[PDB]
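A single chain, nothing else alongside it, follows as structure tokens in the form solved without dimethylallyl diphosphate.
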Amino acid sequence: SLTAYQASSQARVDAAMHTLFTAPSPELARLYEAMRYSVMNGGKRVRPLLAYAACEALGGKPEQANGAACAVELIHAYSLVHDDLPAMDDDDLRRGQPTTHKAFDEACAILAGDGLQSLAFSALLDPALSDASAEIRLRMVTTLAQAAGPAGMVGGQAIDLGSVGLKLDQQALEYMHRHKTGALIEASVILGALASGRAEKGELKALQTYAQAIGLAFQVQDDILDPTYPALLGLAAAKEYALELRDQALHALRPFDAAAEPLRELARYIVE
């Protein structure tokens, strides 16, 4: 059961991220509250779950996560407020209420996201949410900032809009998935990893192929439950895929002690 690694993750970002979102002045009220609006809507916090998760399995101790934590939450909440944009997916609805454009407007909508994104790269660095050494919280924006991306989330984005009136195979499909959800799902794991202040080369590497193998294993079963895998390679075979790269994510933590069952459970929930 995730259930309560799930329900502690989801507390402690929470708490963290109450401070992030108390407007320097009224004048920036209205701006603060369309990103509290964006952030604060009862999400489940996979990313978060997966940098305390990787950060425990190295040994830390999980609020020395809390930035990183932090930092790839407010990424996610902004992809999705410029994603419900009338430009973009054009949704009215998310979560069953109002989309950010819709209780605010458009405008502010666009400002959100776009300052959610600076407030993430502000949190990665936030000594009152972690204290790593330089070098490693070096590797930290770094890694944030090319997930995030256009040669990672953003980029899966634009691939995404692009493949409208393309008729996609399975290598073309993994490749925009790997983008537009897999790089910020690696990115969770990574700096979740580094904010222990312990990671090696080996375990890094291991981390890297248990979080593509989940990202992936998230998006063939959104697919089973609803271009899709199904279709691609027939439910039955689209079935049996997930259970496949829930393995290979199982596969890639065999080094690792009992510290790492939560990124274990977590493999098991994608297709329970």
Contents of the next structure:
Protein chains: 2
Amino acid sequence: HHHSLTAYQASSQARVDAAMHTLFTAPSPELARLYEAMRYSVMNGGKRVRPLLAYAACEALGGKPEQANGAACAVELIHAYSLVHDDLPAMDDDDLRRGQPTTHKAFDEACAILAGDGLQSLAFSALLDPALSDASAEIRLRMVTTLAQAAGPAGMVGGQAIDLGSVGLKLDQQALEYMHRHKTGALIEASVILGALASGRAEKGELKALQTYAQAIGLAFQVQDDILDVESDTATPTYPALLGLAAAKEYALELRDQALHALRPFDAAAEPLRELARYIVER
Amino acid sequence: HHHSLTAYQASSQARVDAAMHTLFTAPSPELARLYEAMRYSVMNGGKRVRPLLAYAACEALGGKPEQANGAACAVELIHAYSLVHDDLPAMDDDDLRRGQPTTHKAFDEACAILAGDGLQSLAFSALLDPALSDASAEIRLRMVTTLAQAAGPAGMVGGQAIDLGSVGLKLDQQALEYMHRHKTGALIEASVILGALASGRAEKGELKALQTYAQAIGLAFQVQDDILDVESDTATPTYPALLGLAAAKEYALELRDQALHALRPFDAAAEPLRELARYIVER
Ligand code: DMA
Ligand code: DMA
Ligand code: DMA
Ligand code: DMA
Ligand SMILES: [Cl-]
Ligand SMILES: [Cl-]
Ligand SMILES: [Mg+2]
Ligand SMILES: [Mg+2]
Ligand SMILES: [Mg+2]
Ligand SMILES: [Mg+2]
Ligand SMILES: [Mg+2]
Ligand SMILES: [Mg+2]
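Could the form deposited with dimethylallyl diphosphate bound be shown next, to go alongside the form solved without dimethylallyl diphosphate?
To see the whole picture, the full complex is given below, headed by that same chain.
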């Protein structure tokens, strides 16, 4: 039972969905299909957890959540574009995502490539759109810089590349964690740091804490994902294989605890971040 | 005979090549192949004309050319990433570019997808890298915003999408120009506007002139490209087909003239921009 988190997710998804709407109107008829493809790729069925994170970090520091609209859109658009390319035939070659045809299936491969390309750019536009933030010049430099680092070849793209190059190879835990830290950790950290920055009230100490929280939940998610695949398996390169199931479950709990410890400096305004940490390993 | 332009191209290419070197060192062994793929994609044999444009616009306004290093890198990296995805099997399915194997041929498709993805991000990092510019907060907001608009779905990516969706269709001149304006015009304009902005001395009037120049040379290039394909054809949807060869050649001259007219407000510091305009339609 996680009532307030369900309500927080709902408000988070509504706010970022309405914010994004303004981004996806093609400027002309010739551009309509590309914009439709991008829209399709964002209507992917996700829970907008990265926007959730942006908004929650903003409010933890005292900002109005809408101050983080630019951040929330930007991280969701980065996340969207990553999934579209990830599904491509040359990559994971998936026909479905969350029950629906993937973008290259609903459209075609060439459209899907570009839709992903278009979405990465729009993510940066969104971050700087004055309708989406009121942030000050240097804060927004911090934010833009951050997003590019987190999404690029030393971040999420790097993580995808590590994934490809790990096909075959026998990974240990340190290598598995390195790969996850890049593939999904980076953008999760960016989510919380961008949200915090967006409040205008962010101090060095507070960002450190939030980065610690974010690193912890990013790993907890991947550990629990593996645990759930195993448990669903005994229903009808992974953490359980490396550690054994029992030990994997404890690891996930220790990470949830490290995440909650990181949030000790904050007041009740940080409760959604705390409830998410709990949910990730409870789910 | 275009002696000073040859020397300008040479200095332009050396400066941006040295500037980019600092970007392409992988932070770890696991990331080496991705960074190698990106490097490969930038060592594509091009003349760095977009960097040329950035540096020339900067110097036309009185800046030291290195002030535009961030701009020059960013537009070349955007240009690089566009070619890698453009060559992909789902897109143009080219095995060679300028005589060399394309990135998906030297590496594989999945690597090439990501290399293009990584390069788009690095382009934004480069633009904000303090080693590459000294520009002030609001100027650099103008620049970042500009690059995202020019490269994204209302710009170059849009142009690629128009290209795909024009397969088949019978284009008139107005539609052909609309497609070119997006596919290559946008990023050319961005090149000159980013360079100008990078000087710190850019005024509204001067940017207008440079945008006019850039729009004109962007079209002149595409018209002359078509003319050269025809002339090489009688050696051993296009402008010549739409207009006839004779008329296409005149059109290219009228565009060169519109470009040079746009530069009337500037002194001798704008000569490289003038010599490029001449070269494009003389070549
Ligand atoms: C800790 C965290 C961000 C988990 C996100 O899971 P996901 O990537 O499947 O999220 P979404 O449902 O937003 O796609
Ligand atoms: C950054 C990114 C796209 C991660 C998805 O990785 P994956 O292919 O292992 O996960 P999924 O099951 O979502 O395809
Ligand atoms: C007017 C202009 C920018 C022409 C560029 O030609 P190109 O795209 O082939 O340039 P490069 O040789 O730099 O790839
Ligand atoms: C933005 C971009 C990649 C343009 C290249 O278009 P093209 O495929 O018509 O030209 P090329 O002959 O270089 O592939
Ligand atoms: Cl639309
Ligand atoms: Cl390297
Ligand atoms: Mg994958
Ligand atoms: Mg996948
Ligand atoms: Mg897993
Ligand atoms: Mg093409
Ligand atoms: Mg091509
Ligand atoms: Mg042509």
